[PDB]
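One chain comes next, on its own, written out as structure tokens in the form solved without this ligand.
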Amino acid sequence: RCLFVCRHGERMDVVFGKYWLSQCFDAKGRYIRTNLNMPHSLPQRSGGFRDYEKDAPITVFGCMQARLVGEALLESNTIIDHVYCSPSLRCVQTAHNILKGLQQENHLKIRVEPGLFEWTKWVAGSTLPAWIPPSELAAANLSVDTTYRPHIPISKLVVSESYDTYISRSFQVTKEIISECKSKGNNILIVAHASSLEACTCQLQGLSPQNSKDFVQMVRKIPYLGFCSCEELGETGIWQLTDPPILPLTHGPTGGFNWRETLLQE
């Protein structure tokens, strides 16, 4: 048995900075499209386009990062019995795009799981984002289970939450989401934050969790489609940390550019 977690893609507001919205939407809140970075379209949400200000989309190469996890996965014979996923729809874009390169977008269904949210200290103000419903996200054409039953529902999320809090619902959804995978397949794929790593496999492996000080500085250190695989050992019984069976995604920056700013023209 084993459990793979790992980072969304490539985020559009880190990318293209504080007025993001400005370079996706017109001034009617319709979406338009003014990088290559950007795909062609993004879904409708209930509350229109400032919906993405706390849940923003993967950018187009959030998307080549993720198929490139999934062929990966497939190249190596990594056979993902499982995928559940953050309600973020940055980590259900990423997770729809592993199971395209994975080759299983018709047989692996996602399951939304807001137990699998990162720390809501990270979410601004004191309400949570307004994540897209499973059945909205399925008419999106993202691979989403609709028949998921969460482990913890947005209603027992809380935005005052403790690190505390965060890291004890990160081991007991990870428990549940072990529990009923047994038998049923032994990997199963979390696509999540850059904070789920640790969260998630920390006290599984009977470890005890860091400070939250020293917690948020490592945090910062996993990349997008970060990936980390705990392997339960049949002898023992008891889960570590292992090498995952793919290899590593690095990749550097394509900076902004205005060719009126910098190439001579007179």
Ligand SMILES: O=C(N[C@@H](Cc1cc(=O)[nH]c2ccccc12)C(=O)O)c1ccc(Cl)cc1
Given for the second form:
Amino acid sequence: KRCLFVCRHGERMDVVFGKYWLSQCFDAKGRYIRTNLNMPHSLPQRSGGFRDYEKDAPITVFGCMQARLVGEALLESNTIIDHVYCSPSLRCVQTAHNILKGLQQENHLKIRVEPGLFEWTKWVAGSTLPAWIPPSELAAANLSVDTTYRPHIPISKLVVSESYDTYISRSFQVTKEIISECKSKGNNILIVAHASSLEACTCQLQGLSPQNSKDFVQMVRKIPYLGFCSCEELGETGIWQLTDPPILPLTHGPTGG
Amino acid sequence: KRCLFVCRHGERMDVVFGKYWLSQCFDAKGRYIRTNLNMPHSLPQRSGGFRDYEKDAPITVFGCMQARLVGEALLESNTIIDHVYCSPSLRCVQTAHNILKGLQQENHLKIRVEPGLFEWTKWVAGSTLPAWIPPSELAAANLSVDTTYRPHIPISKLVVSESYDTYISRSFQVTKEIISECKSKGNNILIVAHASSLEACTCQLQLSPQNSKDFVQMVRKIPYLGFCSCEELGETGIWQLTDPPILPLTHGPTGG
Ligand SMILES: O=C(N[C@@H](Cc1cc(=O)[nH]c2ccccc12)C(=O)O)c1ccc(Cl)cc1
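Now show me the form deposited with this ligand bound; what you just gave was the form solved without this ligand.
Next comes the full complex, and the chain you just saw is listed first.
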């Protein structure tokens, strides 16, 4: 077969509890005090204190469970994952790790943190990139990250508020580089990143021309949490095609009220 | 203090997947075939076939997690639940069970199924009540129900398309009958019912029950596993609302 799977990260803390979520779970002294059961028991310590979460928020408890279930669904369908890459966004690393937990592969597979899979940098606030936890420190928080992996696009080569074309171009360049270095090692590749990744990583893989920016944004906003798409290589053509994913979709509603 | 905990059931299968949800997860021959990871691995075989679900829908996978977490939160607060009662709706009994799982008390405790705790019957479709699974059949699905339990208001004594006055009374009466029999047994009692139940059961145990229009508004504002706490003001017999012993639970949808 040989497949490439691209899925979106889990439910975001800064979506459910809004842009001022740190207000609701950190006190004056900076102690994490959860005020909701959807908040995790504890948050990992960061190199810049809790304010590094403002532009790089973690997934919720239900975000972990979405990720666990997709992993459990891959195992149940005997869908073997040989390689896993993720965006350097904390929400993506956490999703990837929780998929490995559901996959029962926490202690075998080591996640390849690729900054080239970070979403369109136009969607970052201010004139500074997020303070992404380095692989070495993600590993030191139990998250099953490969600290050996050489990134195709380092953090230093990412542009602040890049053009649509810059984002689409690097998304394509990095996906071919990912595919190229996994030609030898294994069949199936899982990418855990953003809504934008599912289209930007696959669009030009099929030989097709990319969408215009406004069509792209509309496609991207219809992709749910842990939204999962699939690409099979057509023979040895080098072109890949989208296919019915190996697992069922995942749809739940809100808490309500 | 001596507490009464009233909480709504978990996420409904028939809300997420619509009114035609049996169309999506049952084929010609009545074989359950899930089409989404939020649908459970399997559904219990029902007395009168699969069509009995049409009016008594089960909670989703994420429905069970909502319940589990509420249960786990009760455990962590050092809150010992001494007696647990619930509506005869499958969603309510499934919620009740997953709270006991969350409490690590599936074996120790047994759920008291009370038809008197069922929601306002005006919200029933057709001219017939839902074909509820009897406490005997529920315990045969590994759901930790108390087959012993003598219901204060049995099914046969429930009126189809009842009035707002009849509901608040039967909700008030059953709550007192629940408080009465527990007096000695333990301290804290847990009701597991519907969005209506949280108001109807603790309104006049504290006040004049609100009008029908004001009620419906308050009900639709209560989330899945929404949780309120009442405590007896001494031995006076007048109970009052209090900041619950556990945090609330808020999550968004799948989206798109
Ligand atoms: O929903 C957010 N992000 C999106 C990407 C995204 C980001 C953006 O700025 N504008 C957009 C417009 C159209 C489409 C997508 C975007 C994602 O998760 O895929 C999001 C971002 C910040 C916070 Cl505090 C909370 C939530």
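Between two forms, the rigid core is defined as the largest C-alpha subset superposing within 1.5 Å. Positions refer to the first chain, counted from 1.
Visitor: Inspect the rigid-core superposition and answer whether the C-alpha of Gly237 shifts by 2 angstroms or more between these two forms.
Guide: After core superposition, the displacement of the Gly237 C-alpha between these two forms reaches the 2 Å mark, so yes.
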